[PDB]
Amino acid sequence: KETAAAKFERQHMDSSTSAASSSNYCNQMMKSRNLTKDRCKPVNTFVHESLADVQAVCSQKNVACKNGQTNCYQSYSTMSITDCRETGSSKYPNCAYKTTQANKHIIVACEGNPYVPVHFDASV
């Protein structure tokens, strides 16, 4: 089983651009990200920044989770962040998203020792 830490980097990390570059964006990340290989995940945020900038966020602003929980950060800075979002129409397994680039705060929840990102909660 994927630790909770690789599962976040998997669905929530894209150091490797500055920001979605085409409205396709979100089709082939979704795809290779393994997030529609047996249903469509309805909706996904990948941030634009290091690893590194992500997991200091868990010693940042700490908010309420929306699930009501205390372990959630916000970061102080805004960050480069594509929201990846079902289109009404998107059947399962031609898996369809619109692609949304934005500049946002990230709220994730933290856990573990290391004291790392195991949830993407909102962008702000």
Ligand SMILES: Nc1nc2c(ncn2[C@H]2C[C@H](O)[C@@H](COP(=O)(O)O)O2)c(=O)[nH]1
Given for the second form:
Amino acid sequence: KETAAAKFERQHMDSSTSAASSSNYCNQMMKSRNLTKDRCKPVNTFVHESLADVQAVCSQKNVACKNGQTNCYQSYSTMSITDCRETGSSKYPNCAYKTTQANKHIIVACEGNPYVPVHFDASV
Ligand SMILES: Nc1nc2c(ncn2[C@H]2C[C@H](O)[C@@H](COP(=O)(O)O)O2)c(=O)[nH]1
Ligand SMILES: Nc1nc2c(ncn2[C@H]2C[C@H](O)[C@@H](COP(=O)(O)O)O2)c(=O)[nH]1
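In place of the form solved without this ligand, the structure of the form deposited with this ligand bound is requested.
Every chain and every other molecule in the complex is listed next, the one we just looked at coming first.
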């Protein structure tokens, strides 16, 4: 019965590494986190920080979500992230991703008891 909180962690958290070490990281992780079974998800960001540090963003800078919701929050600090997005070649079910390492602020939507991230909105 996967909760939105848990779906966030499966799609976006990778606390086991400080950054993507190889150019194949997104192909391996998108598959292994189950993000290509229904379709190729076009864009997905992984965050290489502890869970507590990411959950804490829900008490940091309140901003508008891209869709106008008001329950989005931007990290005060940059975070280590991996941008995964489909390449030109990518075509379901043969998904293909480019791996880009970056240091950026994250913007997430939060909800719940506990009040935790449930959607990754953007990096800036
Ligand atoms: N839903 C969702 N959107 C993402 C995620 N990572 C980045 N984005 C969004 C932010 C931007 O709206 C868009 C990419 O835009 P750009 O970098 O300009 O091509 O993807 C993610 O993990 N989930
Ligand atoms: N609770 C909640 N879930 C959302 C929001 N936007 C997208 N989702 C859900 C739909 C999908 O199950 C999932 C997609 O993951 P993400 O890449 O984090 O947007 O997030 C939102 O604003 N609030």
